[PDB]
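Before any questions on how it binds or moves, here is one chain, the form deposited without adenosine-5'-diphosphate, in structure tokens.
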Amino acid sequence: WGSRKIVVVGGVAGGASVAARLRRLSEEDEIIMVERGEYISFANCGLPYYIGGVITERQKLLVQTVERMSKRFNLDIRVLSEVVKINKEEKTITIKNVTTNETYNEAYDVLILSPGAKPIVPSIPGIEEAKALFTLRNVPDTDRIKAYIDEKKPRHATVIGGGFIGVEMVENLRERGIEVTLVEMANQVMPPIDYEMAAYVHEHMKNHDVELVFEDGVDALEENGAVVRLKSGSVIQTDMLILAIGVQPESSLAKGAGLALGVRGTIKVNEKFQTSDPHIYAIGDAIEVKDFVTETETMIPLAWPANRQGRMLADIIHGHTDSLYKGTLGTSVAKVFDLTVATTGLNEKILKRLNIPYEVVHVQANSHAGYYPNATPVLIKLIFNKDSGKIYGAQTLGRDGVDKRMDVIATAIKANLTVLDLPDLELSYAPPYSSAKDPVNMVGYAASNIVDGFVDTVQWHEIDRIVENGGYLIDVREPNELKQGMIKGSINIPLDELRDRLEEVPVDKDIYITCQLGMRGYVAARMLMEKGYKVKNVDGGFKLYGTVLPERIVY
């Protein structure tokens, strides 16, 4: 290999990952990493936790220091240096030293853009004058929010936007003893998950005394941000505001160089991360990726992809192209007080948008064997193709064992496994860790029963209309469980008696079954089908139904 001058724009997840591997591939290359801020490789993900006082040491947020990293990898690292323009036909960039105000041009043979994505700042009347309004991207943002809390002693905070990071901000503010209201324009927190899964999250947040405001938005900020006027007309009195309404790719250098853009103003790249200019590559939050499941062009600003992309790009630049980026799966996770919430692939909302036929299943199963202490429920939703078993996505929540189940399913998906394969994953079983069939196996079995046609099912959002239309709903729980409530129109025949009471099941009506979790409902469905009844199980049973439609519960 012939040595070259490689310039990297941005010094965090994408930029630092590519620079480090680039050095490992060549001692001779000149590697320059240009970063507008003071810090390289900061823990962007750690910022909410430093604000919450969970991370107590500011310096812990520095994953690599400029000194250590430039020495270890012989990198010419230039912090407080802003790339102001790309000159692509000249093959130079224009850099401004922020401290000294000197500007200069820097020649490159290869240019790498990893400038990330900036917070979306809405044009809300009063926002300019809102003294205690904050966005969160970098370390200085973090210092500012923390200084304000430490010095001004806010008693109430408002969080605008209920995405994964909005939610983490909600938690960390509460942790500091600040009362919190969360404002969301959607009808749920956390866009990546579906409505009925969000319903559990909402419960857990409200149990920690978070006020949740849905289908509302900030119409105006009044009294210097101390007064929040909602679109609806309602008002929130507050001592500070955190804006977390999402991010937009930092593609201005690209636009300025006349480089091709992708969806939502991302920098467009080919399979090798190359932009429309042969000498300029781009990675990280700023680029368009294909989603792994459908290969649809999208933007998914996550750290694993940024790091994977930077690491792969280094190999690619050196001609090691046997492996190219397979797209982003969208595996993500958040701590929500006592809960873990995870997602991978696509939700129902995206799939409907894309006109893709799917089925879903909701299976609750214990984090580990129930005879062993401190087992806790893990709820897995699995979304899949009825004919092929192709997995479109999964969502999981629970107090423990959630990251594990998501990681297994995420692995299965990238390995091109179908729901029919999930029951055959030989996982680690001893009493503290799992059960003889892991929750992953279990969700695999439930989905396989649909694929194989052993059971037909209906959703929480279908059952009421079905009962109105003459559906005959049999609740197979024990009579005592009905005190928790029931679905309207239900008739109770406990599972264990059903075989002795088949004469009570009409042979002239379409039969619908619910239990508590769906498992006993499924057993009943199997029995009745075999007896030649047409029957469907209510997926997730009453437990799920009552969580998402509590106002419809009959007592």
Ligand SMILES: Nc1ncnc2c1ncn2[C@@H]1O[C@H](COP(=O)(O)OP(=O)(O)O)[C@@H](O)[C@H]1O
The other form holds:
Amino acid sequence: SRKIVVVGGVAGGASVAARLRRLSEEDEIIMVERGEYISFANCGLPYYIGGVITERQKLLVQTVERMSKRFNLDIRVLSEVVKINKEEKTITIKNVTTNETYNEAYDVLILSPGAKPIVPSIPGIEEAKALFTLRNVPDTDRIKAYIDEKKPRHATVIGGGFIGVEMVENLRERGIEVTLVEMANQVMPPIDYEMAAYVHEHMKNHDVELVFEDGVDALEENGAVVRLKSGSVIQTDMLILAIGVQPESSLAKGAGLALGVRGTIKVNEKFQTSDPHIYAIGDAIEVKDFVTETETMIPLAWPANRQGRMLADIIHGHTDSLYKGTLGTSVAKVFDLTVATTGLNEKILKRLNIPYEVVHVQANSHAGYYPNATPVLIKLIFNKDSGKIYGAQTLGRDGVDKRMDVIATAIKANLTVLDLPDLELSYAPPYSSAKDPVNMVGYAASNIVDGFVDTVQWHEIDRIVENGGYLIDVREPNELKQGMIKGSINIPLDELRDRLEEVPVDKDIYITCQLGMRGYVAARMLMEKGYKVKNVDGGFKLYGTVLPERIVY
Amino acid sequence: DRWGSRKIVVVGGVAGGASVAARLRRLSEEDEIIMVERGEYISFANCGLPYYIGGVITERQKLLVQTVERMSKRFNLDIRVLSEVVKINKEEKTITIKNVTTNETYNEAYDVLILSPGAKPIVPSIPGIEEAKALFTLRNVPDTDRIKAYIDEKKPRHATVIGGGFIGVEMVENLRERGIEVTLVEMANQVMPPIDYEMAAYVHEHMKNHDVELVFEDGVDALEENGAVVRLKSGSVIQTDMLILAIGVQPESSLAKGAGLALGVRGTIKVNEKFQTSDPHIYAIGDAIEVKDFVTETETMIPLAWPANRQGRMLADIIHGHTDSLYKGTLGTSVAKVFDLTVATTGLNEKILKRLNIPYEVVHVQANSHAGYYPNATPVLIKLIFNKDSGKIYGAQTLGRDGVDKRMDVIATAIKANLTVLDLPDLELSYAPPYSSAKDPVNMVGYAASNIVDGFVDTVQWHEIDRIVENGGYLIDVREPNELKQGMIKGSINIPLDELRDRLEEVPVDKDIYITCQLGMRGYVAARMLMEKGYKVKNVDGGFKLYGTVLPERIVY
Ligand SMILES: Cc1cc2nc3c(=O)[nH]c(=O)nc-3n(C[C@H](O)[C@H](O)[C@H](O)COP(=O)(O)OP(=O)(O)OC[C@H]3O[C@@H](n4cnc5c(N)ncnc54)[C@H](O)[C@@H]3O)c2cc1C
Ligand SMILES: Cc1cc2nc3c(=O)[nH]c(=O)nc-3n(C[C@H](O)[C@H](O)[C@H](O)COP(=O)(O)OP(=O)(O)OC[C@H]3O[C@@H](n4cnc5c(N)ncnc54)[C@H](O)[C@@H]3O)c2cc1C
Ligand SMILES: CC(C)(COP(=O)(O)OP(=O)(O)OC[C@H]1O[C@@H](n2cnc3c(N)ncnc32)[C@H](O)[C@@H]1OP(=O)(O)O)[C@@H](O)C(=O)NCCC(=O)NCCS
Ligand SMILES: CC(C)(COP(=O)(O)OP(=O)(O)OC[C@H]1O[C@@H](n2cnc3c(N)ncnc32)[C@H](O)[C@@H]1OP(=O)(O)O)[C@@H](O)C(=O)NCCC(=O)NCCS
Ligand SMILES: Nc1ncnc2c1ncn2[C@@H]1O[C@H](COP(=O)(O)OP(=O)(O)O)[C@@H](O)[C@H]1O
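Mind sharing the form deposited with adenosine-5'-diphosphate bound? What's above is the form deposited without adenosine-5'-diphosphate.
In what comes next, the whole complex appears, and the chain from above leads the way.
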């Protein structure tokens, strides 16, 4: 029989506590949470504010009474752990209502304190009456009550990451005008620039004003005026701050436990801190990314849930399966669009100086001859020699979550781009095609790995054309509606073989089509004829989405 | 070195044939590639045919993915539609082709021959079938045009579908779509042979709710009154206006037989690891060939479009000496839309594993398609079959109204990557409220299976419980008292999970304890608690929900 004390009672904390009970009836399990609720769905909060989740009670999954009863758990809400006394193996707990303190001994201590919102040093941030960050239920009730009473016409969201975007969507749907202010040149950092171009274009069609490479310089007239670094002024009725989170590691810091990147709690493969009787899981810990084993911080719910269930097994379960890192699989709903990412993106790979190739493949969510088929764009990032997958990103209106999950599975199973075409996924017209989008991205990546095709990227083509590259557009004339890449010469794929005598043999040939497929087929033709040829990855559609001001008519 | 150009002849211009031809052209401009197809159309979507009949697909031209003119131009292919290969002269290295239009026959020399002739519908020798006027099978566009013309001109009010396979079911759904009353006649005691009995029970419910009459363990004995009366083996009669036969397929291997090529199981064409038949110059792919199942490496026939397409694409590389990647065998992943319900399966089912004397365990877990607090969350049921020692996954079955395709693809991907059930909980899938839960249903079935592999819980199946109760087992129902109005298993004693720890005194130490709840989850937690207190306890896998769906006649109210 052990005494196990768990600090934090949401994702990581509730997960470990429940499994621990299932593993042993004998242990005394104490769960200490500083807020009023345990196991609340914090990820549902934006949807509650948006009125998508109409019932507040639904956000409260399990009650303290029911859970403490079901798992014979000593659950202490509104109790803030203020100090860890690691030589004494006790913690000091403070009552939130009375401020009175008391000590509680432990045999084993588990920290799952989560992460807290980052607040920047903006002049006037303390005079701001209508400034909200979103982390818990009370914060949510505050925003909800604010919107009820003051009926804001316009909201400004500061920070264009996952939280910020969901907040934008949910305020928009309530009928509130929205401006998103972002320091970077794009929304959602985990995804790459060209992918974010689709997202920006979609958010604009829903009347969100996007302000890039700008920040708040000051908050005037009580926060109602936002002065931007660019000189622009935003009149607004509320301000949502969503600029990142930092580990809640002050407890570990106070106890002299070793820290890591961004002040995360440093843990070993079994979630043990630098102290043998103290463990840590959740957003607060340093994780190694699965792909490169670089130490990082990845604050997502799936990992916090898995780490808690695993730690329960480490303490009281059978064989130790060790944590082999986080892939970082995430998904977001952006109005009608689903956006998903896994593994590393080009920006990180470039920062680490790792060589990579990428392929952009757009295919339908299901058989095109079946009603309501919609595009799915997949970007695969891989090693050109081994075919190792570094990461992937996907977006579209449907069947995005399906394809991300398949590829995420592939990466954790250590499959290469060469294995992707062999994944036998379910085919019926309503759900997929004879070759699924995932198989198709596998084929496109394999052709590059095997040397059947050479490609160039959207950010290269204009420069290549300026420097004497011969650019052939192989789209049918009817496809030329939305424009072309400057320098383009149209020779439709079906005429090309008869019109060979028109392609110069002393020049580098670049081919583009709408999505890249026919450009690939034209490339293969000309390669087998002796030409030096490269296909433009993603075709005109990607190019024109990312660089719309460069389109020629 | 490099590549010497050759003449490649492809027999069949749909799934297998089209995919091989296209890739072969991408690999070499110099090769002469001839595609011979007996129908009018190449690369049509026969998987779409039922939907065209149901009017879900409204443009016939939409079933024609590629036209002869377009494709032959794009790939510089000599495509000969309405041309039937009637004989292979393997020593002469020629084939005889009959142009069906002009009646002219000629011989075509080949260096390489690729056979992708497919599977034909089994037509049974039922008396009266010859005189049956409104009897149809479905394979190609002309069959579809005939059935559709019949519906429009003759206005049937009732249809009988003989055969409850995946294709029979699709016909049923699409006939209901047009406003036709439908009776489905199956010989087995369940629709869709790939799925197990208790999973089929859910499918039957959904079809009966859409007003389909299901007739099981009955076959058509005769077709009387010119096909307007179907007389069943039991003796019952079905008056109908039209009959659709969907009783399975058999390989189109007459050409192989005639050429003296080796045949594999069920008359399929036998091929080696490289799709080579018993003649070095003749290759074969598609529904017509014998493939190994991925899971057991048993020779079998699996007529699905994905394998055909994959095989065709692989063969093209093999022909060009790229033999690194050879065919690993088919997992047999299939998905079906049944009215509002999606049904998916992969690998081997219980019926097959018994047939092979393979020890297995199963788990049945029902979970939500996505976060429960997020609107329109619907239950998803996954049955997972595995080895209790290794954790090797033998197969999976899934059903639900949404989020079914996704889970099967993940599990199918896990199986092909050689992951055990112990790895399923470690699959980091995307979590956002509209798409999943913090632990996806796949993670969940993985945990359930891992608990069985690790010995944390012992379970009994829906088909074992009643006999165990008859033999003295003590069955405790851990649901709340209110939940019992939905019915219960004979012999059950009610002790609510929450109260159970408080009422341990009422649990006998001299009996084998069996636990049931609604879905199995609460039963498992109760099982865990009692084992820890030193009781010998087992959980009823799937709980009462499963039991009552599969054996409703046994429910005590
Ligand atoms: C609005 C919002 C939406 C999100 N949406 C998603 C999503 O869609 N998908 C996804 O994967 N992730 C999402 N996340 C992130 C996800 O919620 C976290 O990664 C996950 O909750 C981390 O779990 P945790 O146990 O580490 O921390 P938390 O779940 O934050 O739990 C930490 C708990 O410990 C308590 N605590 C901290 N210090 C003390 C102390 N000293 N004493 C007592 N208690 C203490 C806190 O009160 C808190 O309740 C979202 C987060 C937010 C804020
Ligand atoms: C109604 C229907 C629905 C289906 N739905 C699905 C589904 O949802 N999912 C799924 O995976 N599978 C489905 N299938 C099966 C799928 O269509 C087949 O597995 C696939 O087409 C088989 O590929 P194949 O190339 O072997 O044969 P086929 O596509 O049948 O092609 C064989 C071609 O060869 C021609 N041919 C044969 N002999 C000769 C000859 N001697 N000379 C010249 N030509 C010849 C035939 O006319 C035929 O066109 C369905 C089938 C049908 C009929
Ligand atoms: C729900 C919560 C309170 C408790 O978790 P839990 O008790 O593990 O409950 P779960 O449903 O996750 O696990 C179900 C258990 O039953 C098992 N199970 C489920 N269905 C089963 C079935 N049909 N048959 C047999 N076993 C089953 C699972 O294997 C698991 O047991 P194990 O972990 O001992 O193997 C906790 O996860 C929580 O706090 N959740 C919300 C936090 C969160 O995710 N937040 C992010 C914001 S949305
Ligand atoms: C369509 C059909 C002719 C296939 O021909 P195909 O030329 O292989 O056509 P696909 O669209 O599959 O093209 C995929 C090719 O383009 C490549 N590709 C696709 N998208 C690409 C992109 N964005 N960039 C670069 N290449 C791309 C793939 O890598 C692949 O080439 P590869 O095979 O040389 O690697 C054939 O599968 C068919 O007729 N299908 C319908 C018949 C059928 O399946 N019937 C059964 C019932 S549905
Ligand atoms: N001063 C600032 N003004 C505007 N945006 C900012 C500022 N500082 C950071 N950001 C942006 O806010 C976003 C933070 O999002 P992220 O790191 O995903 O955290 P979260 O998911 O909690 O929003 C990033 O896109 C980042 O570039």
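Numbering follows the first chain given and starts at 1. Think of the rigid core as the biggest set of C-alphas that the two forms share within 1.5 Å after superposition.
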property	result
Rigid-core-referenced C-alpha movement of 2 Å or more between these two forms, selected from 321, 296, 237, 207	321
Rigid-core-superposed Cα shift at residue 308 between these two forms, Å	0.2
Following rigid core superposition, Cα shift of residue 478 between these two forms in Å	1.1
